[PDB]
Structure formats: C-alpha cells, structure tokens
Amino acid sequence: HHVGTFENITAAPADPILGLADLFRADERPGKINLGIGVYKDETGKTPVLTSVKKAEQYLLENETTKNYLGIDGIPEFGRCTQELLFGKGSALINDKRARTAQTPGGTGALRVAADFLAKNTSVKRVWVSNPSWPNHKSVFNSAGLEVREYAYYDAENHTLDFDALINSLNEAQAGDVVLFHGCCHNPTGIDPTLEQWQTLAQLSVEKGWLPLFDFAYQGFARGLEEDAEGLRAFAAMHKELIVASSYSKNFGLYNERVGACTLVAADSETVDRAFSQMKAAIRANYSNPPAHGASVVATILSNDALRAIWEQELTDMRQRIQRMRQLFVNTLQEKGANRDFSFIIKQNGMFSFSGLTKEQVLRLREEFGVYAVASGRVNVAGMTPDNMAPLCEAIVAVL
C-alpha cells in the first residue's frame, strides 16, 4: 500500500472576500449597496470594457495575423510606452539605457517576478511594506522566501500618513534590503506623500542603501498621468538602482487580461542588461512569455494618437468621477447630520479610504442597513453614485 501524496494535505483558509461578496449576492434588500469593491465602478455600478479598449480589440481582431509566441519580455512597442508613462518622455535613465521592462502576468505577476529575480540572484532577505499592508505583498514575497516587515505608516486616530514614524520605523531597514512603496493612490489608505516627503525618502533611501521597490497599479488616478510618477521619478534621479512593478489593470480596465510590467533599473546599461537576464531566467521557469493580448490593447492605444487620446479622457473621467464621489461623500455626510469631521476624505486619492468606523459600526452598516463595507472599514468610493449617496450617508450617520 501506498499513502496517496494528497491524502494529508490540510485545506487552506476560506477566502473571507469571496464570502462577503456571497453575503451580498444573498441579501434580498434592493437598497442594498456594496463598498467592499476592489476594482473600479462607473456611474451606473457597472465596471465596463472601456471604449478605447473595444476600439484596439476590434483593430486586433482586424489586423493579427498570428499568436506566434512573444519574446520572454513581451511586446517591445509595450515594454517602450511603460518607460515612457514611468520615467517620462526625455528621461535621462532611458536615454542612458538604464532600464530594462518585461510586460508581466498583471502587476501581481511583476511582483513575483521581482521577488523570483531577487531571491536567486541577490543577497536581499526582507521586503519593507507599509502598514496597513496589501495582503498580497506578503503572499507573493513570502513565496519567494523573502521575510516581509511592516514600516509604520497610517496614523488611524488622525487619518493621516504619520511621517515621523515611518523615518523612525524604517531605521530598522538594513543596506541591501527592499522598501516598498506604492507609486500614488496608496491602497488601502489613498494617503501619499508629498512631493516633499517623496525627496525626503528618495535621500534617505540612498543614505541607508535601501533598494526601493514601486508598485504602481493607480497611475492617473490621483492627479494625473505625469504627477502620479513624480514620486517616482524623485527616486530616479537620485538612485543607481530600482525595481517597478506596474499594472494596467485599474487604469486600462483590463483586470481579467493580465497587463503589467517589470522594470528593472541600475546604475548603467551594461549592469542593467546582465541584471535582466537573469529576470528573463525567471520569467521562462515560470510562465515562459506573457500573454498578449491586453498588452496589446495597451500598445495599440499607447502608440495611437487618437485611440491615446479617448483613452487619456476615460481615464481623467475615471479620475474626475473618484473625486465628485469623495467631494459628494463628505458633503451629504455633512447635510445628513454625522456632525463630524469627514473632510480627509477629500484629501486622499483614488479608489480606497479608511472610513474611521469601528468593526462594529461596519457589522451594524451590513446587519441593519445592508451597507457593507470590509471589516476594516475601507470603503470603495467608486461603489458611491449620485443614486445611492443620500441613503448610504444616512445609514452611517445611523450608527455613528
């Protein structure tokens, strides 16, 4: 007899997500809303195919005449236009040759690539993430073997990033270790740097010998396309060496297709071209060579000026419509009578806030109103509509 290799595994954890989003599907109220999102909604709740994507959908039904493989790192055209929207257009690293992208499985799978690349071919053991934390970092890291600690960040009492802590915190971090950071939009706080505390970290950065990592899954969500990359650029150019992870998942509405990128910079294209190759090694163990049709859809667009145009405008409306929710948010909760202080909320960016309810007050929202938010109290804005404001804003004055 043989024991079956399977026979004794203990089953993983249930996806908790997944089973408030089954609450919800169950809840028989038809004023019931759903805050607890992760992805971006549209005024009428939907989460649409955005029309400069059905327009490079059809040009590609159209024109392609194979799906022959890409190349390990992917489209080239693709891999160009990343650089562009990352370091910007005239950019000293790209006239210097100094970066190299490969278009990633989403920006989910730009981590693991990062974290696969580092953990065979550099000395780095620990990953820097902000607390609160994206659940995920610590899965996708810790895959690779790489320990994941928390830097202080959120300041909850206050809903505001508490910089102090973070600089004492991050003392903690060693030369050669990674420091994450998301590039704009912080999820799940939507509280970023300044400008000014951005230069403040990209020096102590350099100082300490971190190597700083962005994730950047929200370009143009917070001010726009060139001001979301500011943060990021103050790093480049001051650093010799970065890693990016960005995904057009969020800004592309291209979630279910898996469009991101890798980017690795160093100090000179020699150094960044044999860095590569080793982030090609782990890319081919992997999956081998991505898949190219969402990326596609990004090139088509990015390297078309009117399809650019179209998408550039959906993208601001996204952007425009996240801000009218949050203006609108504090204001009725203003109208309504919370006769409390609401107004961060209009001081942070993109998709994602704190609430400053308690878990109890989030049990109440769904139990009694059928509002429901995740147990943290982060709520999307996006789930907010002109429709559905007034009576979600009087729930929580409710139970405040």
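Rigid core: the largest C-alpha set superposing within 1.5 Å between the two forms. Residue numbers count along the first chain shown, from 1. First, how it differs from the form deposited in another entry.
- Fit the rigid core and compare the CA positions between the two forms: of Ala338, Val49, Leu70, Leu60, just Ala338 moves by 2 angstroms or more.
- Once both forms are overlaid on the rigid core, the distance between the two CA positions of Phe352 between the two forms is under 2 angstroms.
- Comparing the forms between the two forms on their rigid core, the Cα displacement of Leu392 reaches 2 Å or more.
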Given for the second form:
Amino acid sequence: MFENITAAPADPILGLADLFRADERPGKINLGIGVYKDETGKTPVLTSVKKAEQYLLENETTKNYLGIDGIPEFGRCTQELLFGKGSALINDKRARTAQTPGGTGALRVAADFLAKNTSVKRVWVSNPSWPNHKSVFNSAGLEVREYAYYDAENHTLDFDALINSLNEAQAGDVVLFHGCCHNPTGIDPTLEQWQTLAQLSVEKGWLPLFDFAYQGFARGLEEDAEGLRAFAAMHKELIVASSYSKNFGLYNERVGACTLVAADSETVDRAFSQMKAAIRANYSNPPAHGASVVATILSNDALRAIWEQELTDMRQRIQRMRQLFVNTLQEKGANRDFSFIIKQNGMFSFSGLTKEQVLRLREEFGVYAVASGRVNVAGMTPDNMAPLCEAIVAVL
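What does the same protein look like in the form deposited in another entry, given that the last one was the form deposited in one PDB entry?
FYI, this one's just the chain on its own, none of its partners or other molecules.
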C-alpha cells in the first residue's frame, strides 16, 4: 500500500526547525519561525500562566470530557475580546464560539464546516500570506484564489490593486482578511480602509473570514480589533478564527477559537450544530489545559492585570528591536534604505531579501529566515544584532 508514497516536501516554516538543530555550528541565529524571544533569547512561559497553572493544579478535580465546543467561559471571554463588552452581537446572542486546537484548528473546522453545509467553492487569500492558509483550505476541498495586496517597490498596501483584484470575486465567495499584523508583510489597512472594505464587502456579497492570531501585537487589544468590529457592525454573517498562541505564549498548548456569527439567535444556533458535528468527526472535543489557563487569567482581574502588562512588554521589546535592526543595518554599511521596516506591525518584517540571499545567509552565516525573506524581529536581541546585520550586509 505504501511502496508508491512520495515524500512530501519540508514545510517552508516548520521545516526550518529541523535544519536549525541539524547544523552544530556555534553562532547560529534563528529568525524563521514566529515565536517570541526575550532579551536573553529565551521563550519563557508567562508569569500569569505559571500562576494560573498552579491554581488549576490546586483546584481541578476531574479530567472528564469537555463537551464539543469546549469551556463556556472561554467562549464567552473570547467574544468580549473580539467584539467588545458592549457589542450588540453579544447581546442579541448572534455569535457562537467553539474552543479549538489553535488558530490552525479553527481555520480547518471553519473550512470543513463551510465545505459540507454551504455552497462555498472558493476562498480568497492575500498575496502574499501565511503559507499554511492554502493547505488548510485545500484539505477541505475548497479552492484558493489570490488577491493583490503588497506593493514591493514602495512597501505599501496596494489598495487599488487589492480592490481591483477582489472585483473578480462573486457573491457567496469567502474572503480571508488578517485582523492585524499581516503575515508576512506586517502592513494592515487603516480604519478608513477597513471601513471601505466593510462596505464593498456587503454590496458584493462576500462572506468575511478573519484570521486573528496576533491580537494585541500592533497597538493594543481593543485597537487591533477595530477592523473586525467595523465589519461586524455592517455584516449579517461572518466567521472569525482567533489564536492565543502568541499573546499568551501558549504555542504548544493549542488554544484558539472559531467564532460563528449569523443574523439571529435561531439561525446561528442551527448553523453551529453542524460546526459541532464537524468537530466530533475530527478530534471530538478540545484539549482543556491551555484554554482553562486563558479563561482563569481572563476571569481574574489580578491575573488579567499582570497578563496585559506582560503582553505590553512583548510588543514594546519588538518595537525596540525593529528600530535597532534598521539602525545597526545602516551602521554596518547596508547598501540600502530599510526604513520601511519600522512601519511594519507585529513580529515580522518583509525584508526584501531574495530567495538566493536567504539561501546564502543560511549556508554561509548560519542565519535562518523564511524563503520569502520574512524575518522574525521578535527573535532579535542586542546580543545577536551585530552578527546578524553583518551577515545581511555581506549578502546585499
């Protein structure tokens, strides 16, 4: 049965992890995978998480099944994060949340859902985008088409091209938008632009699907949700896949959620029972741990007050490294202007390096970055900034 199986090519992102610990060469620098690192190049588990975990160890009395959609309070706390405590969506009971194994899992369950219970055939994804978007939607039998987004020359959001590309999407097609911290460009629409697309979207009849994996990494919790909230006030239905892997440092615990929004309580409820059926046939019910942690933190002011500060620290250190990288590059004689980098939000900078340059950086200097030239700024520290910048300069 397996004699004919061809080997799949290594994952463009997760594959770097293998190569990185395959070459024992002293000063390697890992700027590939999107994981936060502190000034010492460590990925620590947050203090609030350690506190919440202790509490759980004290108070849990059972590991009995969670129920298909997970922990209620979790689902409730996430909607308030996404839509706002006031929000009519919450009051009209128009939204339903399922706890899922990470944002990726939320994208898959949404894909499986749309594929079996809807007439969706094609999903529109930005160009460029996170590489795994294609694979997830293709796994569910949906088709992926690309819409223009980034202006390489100016390092700008090519809005006119975005608008003009989307014009080929028909009523009933799904359009994927990144909530904030666009992966991998780091360029997001302004609120005015989010508004224009909110409206264009209602006239052309597209079903919006937001990928929210970095809430809190651009300007703040409530600000990063503005675009989504602009859409929810104007739309009757929409899906949102959010992740807690980055903003809670819970990467390997797989914590995320798929939020379904419909016209009214009765409708979202019917639609949701099918989403639950799709979960049952996939992984049955979600892993409790990571989600329990998030819920306990969110539910306790002391704990939540400490978390918001840890999040604020993460974001600020990244903004620091961002400006340092640019300054050291100019200091090291980079034959180019990299100022645009300071303008990007989130963990990544679309550096502009060519495939060949990133290949040489790795083989020659032990510097790891994604083929597309995406570099993890959050992996930069005052200690590796100089070796890194010299590697880059000797490659331009």
